[PDB]
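Heads up, the thing below is written out as structure tokens.
Other chains dropped; remaining ones untouched in position.
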Amino acid sequence: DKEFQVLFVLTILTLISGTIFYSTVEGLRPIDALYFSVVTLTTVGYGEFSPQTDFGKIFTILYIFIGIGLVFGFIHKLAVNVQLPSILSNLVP
Amino acid sequence: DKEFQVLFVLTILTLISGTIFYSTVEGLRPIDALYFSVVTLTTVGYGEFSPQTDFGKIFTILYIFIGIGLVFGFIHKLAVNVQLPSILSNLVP
């Protein structure tokens, strides 16, 4: 549960970093920057927003490599250590 | 096999939730909303439909984090506990 908290905070900080970057460099609204960061790191990739600048493209490359591991790490812990036990508890009437 | 049934039902409910949300908030046809929900949670992300409203964007963020774990959990069980044995059984003439 300390592992979950840590992954939770790391995920938030990572996404705040993306939000700051894309709003600054690609000129997105903060909400759009946050959304883009999430859709990128979860690898959903809508692409409706996609970096138009080389700085944006280079950062996105680095961001994916460093960020995917921590985002999926958090999702995996969320699924196995949080959602799994919760659904199980519901199954005992 | 009770695990498969549970993951099956959770996946259906999750997708129904997405269908309801996107048809309501983003104004998609139910079929398009369902399709969008699936393409989002499996992380395929065509993006032909992509949320235009901030409510849509914020929900999609939360939906991905909560939904990916249960959708891939179902796919993984479907693959290992259902498809794997089926193909194996076919390989004995």
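Note that the chains are named A and B in the order they appear, and that numbering of residues resets to 1 at the start of each chain.
Note that contacts are C-beta pairs under 8 Å (C-beta built on N, C-alpha and C of every residue); 3 or more make two chains touch, one makes a residue touch a chain.
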Key: Whole-assembly copy number, given 2 chains displayed   = 4
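As a convention for this text, only the chains that are shown with their structure count from here on.
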Remark   = Whole-angstrom distance, CA centroid of chain A to CA centroid of chain B, is 18
Inquiry  = Which residues of chain A touch chain B once you look at their complex with the stated criterion?
reply    = 31-32, 34-35, 38-39, 42-48, 75-76, 78-80, 83, 87, 91
Key: Residue numbers on chain B that touch chain A, as the complex places them   = 6, 10, 40, 43-45, 47, 50-51, 54, 57-58, 60-61, 64-66, 68-70, 73
